[PDB]
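What follows is one chain in structure tokens, specifically the form deposited in one PDB entry.
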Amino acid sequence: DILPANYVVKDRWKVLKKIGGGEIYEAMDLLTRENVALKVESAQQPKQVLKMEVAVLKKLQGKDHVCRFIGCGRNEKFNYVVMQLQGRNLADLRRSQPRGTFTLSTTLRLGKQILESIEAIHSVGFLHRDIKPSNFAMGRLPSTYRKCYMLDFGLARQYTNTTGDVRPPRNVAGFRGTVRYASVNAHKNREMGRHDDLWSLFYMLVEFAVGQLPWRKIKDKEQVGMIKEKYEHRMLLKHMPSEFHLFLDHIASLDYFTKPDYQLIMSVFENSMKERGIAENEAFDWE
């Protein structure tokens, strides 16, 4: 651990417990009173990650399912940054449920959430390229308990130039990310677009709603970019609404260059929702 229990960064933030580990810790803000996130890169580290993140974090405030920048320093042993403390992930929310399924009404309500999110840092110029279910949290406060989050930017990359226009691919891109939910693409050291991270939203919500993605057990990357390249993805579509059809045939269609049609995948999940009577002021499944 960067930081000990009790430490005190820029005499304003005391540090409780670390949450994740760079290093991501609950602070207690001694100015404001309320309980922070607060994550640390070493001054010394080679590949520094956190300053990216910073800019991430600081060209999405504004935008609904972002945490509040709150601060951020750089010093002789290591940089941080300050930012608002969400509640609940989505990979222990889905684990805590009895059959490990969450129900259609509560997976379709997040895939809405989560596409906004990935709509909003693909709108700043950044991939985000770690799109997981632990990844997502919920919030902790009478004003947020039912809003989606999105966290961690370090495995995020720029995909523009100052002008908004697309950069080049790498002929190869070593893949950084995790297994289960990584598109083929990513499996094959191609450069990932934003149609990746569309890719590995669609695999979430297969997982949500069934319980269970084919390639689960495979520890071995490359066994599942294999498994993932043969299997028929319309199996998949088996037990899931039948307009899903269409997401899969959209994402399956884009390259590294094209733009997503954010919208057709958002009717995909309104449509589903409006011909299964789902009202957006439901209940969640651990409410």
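C-alpha atoms forming the largest set that superposes within 1.5 Å between two forms make up the rigid core. Positions refer to the first chain, counted from 1. What changes on going to the form deposited in another entry:
With the rigid core aligned between these two forms, only one of 223, 45, 253, 258 has a CA shift of 2 Å or more: 45.
Annotation for residue 74: C-alpha shift of 2 angstroms or more between these two forms, rigid core superposed.
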Given for the second form:
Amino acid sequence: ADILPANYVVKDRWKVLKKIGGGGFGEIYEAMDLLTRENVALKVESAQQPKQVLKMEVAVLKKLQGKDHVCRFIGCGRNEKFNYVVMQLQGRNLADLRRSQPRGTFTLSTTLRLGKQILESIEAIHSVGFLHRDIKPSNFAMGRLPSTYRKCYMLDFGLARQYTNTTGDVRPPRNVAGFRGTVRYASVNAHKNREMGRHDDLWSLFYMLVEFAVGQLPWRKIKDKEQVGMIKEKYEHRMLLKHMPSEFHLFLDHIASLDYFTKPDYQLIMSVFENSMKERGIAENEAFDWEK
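Structure of the form deposited in another entry (previous: the form deposited in one PDB entry):
Since only the chain itself is given, any partners or molecules it might have are not part of what comes next.
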């Protein structure tokens, strides 16, 4: 059963309309804001749940206000039954949009333009001293307004972790860290139980764009964490570039050379996407595949 029934009113302000998803770490609802009249997104987690992600969600979301590709923060609170975060509601997510494609693939035009936007998201979260650690298509969605439908947003921050400390320096990595995020888009370092860094969020971006353009990843059907890790360790990553723009070699070589300590060259990755667009006559004003 759902944590919240339909028509439930959170803090005499947010009326639950329907459940829109969730799964692991909690549930997400569409709610009507009775004070603003705006349809909002409401994230709730049981107060008797062992892992409490919503405190992190709020901290990162607050830090990212003013930045592009982030939901506006509406409110938050906690009671004896559940914890909640209220934020700007968006349109369809990228995993849903990709699955709705005829061949489950996007065009290089959509792939490259989403890549630019997701990369700007990653750069922004890293700029406030946090790692995302759960970069996947279902964590990104297009806007639902006429002024936002072409903009891509980073939806969740539950598995995020501060990599900087109080003084603005990079904190020492732990000798071991428990696996965080999706199994499909996790880097080989995450599979090895190593402390995740900025480069690991760029590995997830790399895998996601290959899946966008090709429609699948070699380890698509394998659910076992260890088995996927062995495939990724053994798999010659150059093979993933077979149907990708040629500048993607530069992207793969860059991330493969990084570690926890080294700041990524975000501009190098951006130039890969920009050159892959200009060399194909791809315009920034083009329509996305779902608009076709």
